[PDB]
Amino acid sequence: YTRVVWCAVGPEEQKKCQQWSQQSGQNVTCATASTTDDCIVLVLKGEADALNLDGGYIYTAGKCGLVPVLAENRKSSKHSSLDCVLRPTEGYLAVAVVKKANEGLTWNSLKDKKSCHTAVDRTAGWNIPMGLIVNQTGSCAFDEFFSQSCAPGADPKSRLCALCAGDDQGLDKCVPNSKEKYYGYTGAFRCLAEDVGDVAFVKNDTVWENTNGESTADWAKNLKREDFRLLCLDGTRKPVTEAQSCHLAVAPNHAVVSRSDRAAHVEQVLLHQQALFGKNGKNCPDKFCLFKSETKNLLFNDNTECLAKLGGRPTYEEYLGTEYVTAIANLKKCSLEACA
């Protein structure tokens, strides 16, 4: 009853969810699907209760009647006076990142180059950059803009999946879950780091989290921030320290969604779960930490300080905001469970 079924996307999230389930005494239980879209369907059917989603997917889920419950809140400079759960959510910066050594590559010469994207339909990895490119181009032919890409979730035989690598064994190429090597913020930044693509569309935090010894992962151990540049919309290149003046847009934080008839119960349980496994929780370091997964951002982003209450009980449109909703609608003109 007072029990919540979480939806995990792919086998690595399933394994983390199982740990959470065991440690929560079954107050939380786990359903698994191969894609975020299938998880959303499980939630609509009432077979799962909730999962945490990028804004691009909140748009999808929202049209189907799901609602934002709590949002990821990361640590912050300003607003210091308030407690994390009650503090405003600032948003993250979507950026386009390249290697400094790839000189003369700018926003204006991106045509025909190779790209790395978090997943189709996600905010920084897809909706923002492709929305911008469609506008500037006057063509819905976004699948012919880059020569090759890894954009998990697109046709595996198309050039949008040509750079994706699949898992250990080459299986699951381009699936939009963490089995795909280049999936997600981390995967797309790795796609750039290994020089598979020329540009990665990720968020500001990703670059900092995987450079200068922050990550210890073999592929990122030796990465230095100075070897990277951000592409600015004015045709200029800047160091990654200048993200506030060189981003594509500001994105709404990832958030937990659920069926509206279950929102109150999901909120209640999660607030308690984070008191136990959260950043300064009774058991976090010692037994289980909800917001850690070795840089893999499983279930939640690793840089999450807490899940925060929303305030103004926003609808999904209010939560995403007018600027972003219009961007998506316009991009969606280019290309149930089709709820609206």
Given for the second form:
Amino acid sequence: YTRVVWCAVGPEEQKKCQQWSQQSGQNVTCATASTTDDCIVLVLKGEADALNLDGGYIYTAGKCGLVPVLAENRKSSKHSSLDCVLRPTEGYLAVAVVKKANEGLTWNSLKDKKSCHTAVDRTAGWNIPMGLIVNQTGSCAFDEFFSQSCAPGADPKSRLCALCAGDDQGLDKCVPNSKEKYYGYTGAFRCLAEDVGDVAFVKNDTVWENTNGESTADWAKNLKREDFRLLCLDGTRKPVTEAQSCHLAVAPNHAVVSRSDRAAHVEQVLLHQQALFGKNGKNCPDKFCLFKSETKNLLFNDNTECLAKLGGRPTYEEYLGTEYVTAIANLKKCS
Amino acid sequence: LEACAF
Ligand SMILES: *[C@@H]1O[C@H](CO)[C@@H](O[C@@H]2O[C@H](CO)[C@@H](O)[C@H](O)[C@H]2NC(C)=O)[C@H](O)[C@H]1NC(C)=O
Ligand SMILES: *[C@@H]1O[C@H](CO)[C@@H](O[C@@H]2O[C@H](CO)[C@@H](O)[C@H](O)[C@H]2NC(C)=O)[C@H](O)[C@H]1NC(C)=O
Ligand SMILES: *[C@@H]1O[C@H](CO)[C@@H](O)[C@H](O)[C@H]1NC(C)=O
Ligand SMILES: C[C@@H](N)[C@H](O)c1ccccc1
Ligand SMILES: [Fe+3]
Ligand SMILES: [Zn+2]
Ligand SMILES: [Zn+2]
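What would the structure be for the form deposited with its partner chain bound, rather than the form solved without its partner chain?
Now the complete complex, all chains and molecules, led by this one.
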């Protein structure tokens, strides 16, 4: 046993991490970087122990030798008989969302439209949709498909960043961290909600959690699910209640990664930390809730019920699944 | 397209 150094991406995650550190009595301390890739590097250098990552980032981390430790597990879809920590993870639904009022828009008329992405390299926001588009257009010029986009992590002066807004002060336009107004699941959905973009590439859960009163945030408090539609691959449009039959793919759950030589220890500490601050945790809500951050999904997605043990001590390729790994590989050929 | 991007 020892202290686990978490890596926070950006100043807001840093703040939440500091609160967690304080409440844990320094059982967890914080390192902070401006981007997920920088955090991946801190971990590789041994300057940080771990962080929770989207599948696309797990691919980057895995290539560099980091391993998955525990996976996010949400309010179980499959009516189970096992505890959350032991429950297998199902995966989330990557979807393409548009405004119902934007009537002519389908998967087949996306070219030259405006797009909102969680961030370059992320599963639902980038790898799945751009991999599909590259494949279908038979062209690697995915940076010329949409007329403008907000794809945090791309070149700030490029069309891929044209729609990004930066922070309060209008600084950090397109940075791949929560300071960018349209970053992540909620940022990309907001980009759609405010009609900055024509389509948003997020997950099923994002639409639900930010509509019909689920979010009191000012830009989301008035959003109605009926005002949105999902784009299915067969060219049809469906209500957001049909994500099961109208998604782009099933994505592997975000998961915690660490150096192989620190994995066992990181796992031990996290399992204990969630007993304290997770859902129903001894000290949540009274003191600190590890899986809450007012829909900002800081450190962990807010809809996380618990971090679950993995089956079969999977390598990053096994955790992500061969198909997805090859999909990423294929897309990477373009850059 | 196969080693660590760092
Ligand atoms: C898409 O996401 C929503 C929101 O996560 C799912 O609805 C939650 O589903 C659980 C369990 O099925 C319910 O107990 C909650 O009440 C729902 N939350 C809300 C805010 O409505 C929905 O099932 C998901 N759909 C698919 C196909 O996965
Ligand atoms: C884009 O197309 C490529 C080529 O079909 C897909 O890669 C293939 O995936 C199949 C099914 O998983 C594998 O058996 C093949 O070996 C892959 N081919 C190659 C060239 O490696 C890829 O999955 C597609 N991308 C997306 C996101 O669908
Ligand atoms: C801090 O970690 C030590 C070692 O496991 C443990 O004894 C103590 O109960 C932990 N406290 C908190 C609040 O995390
Ligand atoms: C794809 C499969 N090998 C993986 O374990 C998985 C499943 C659901 C969610 C996350 C991850
Ligand atoms: Fe994701
Ligand atoms: Zn499917
Ligand atoms: Zn294995």
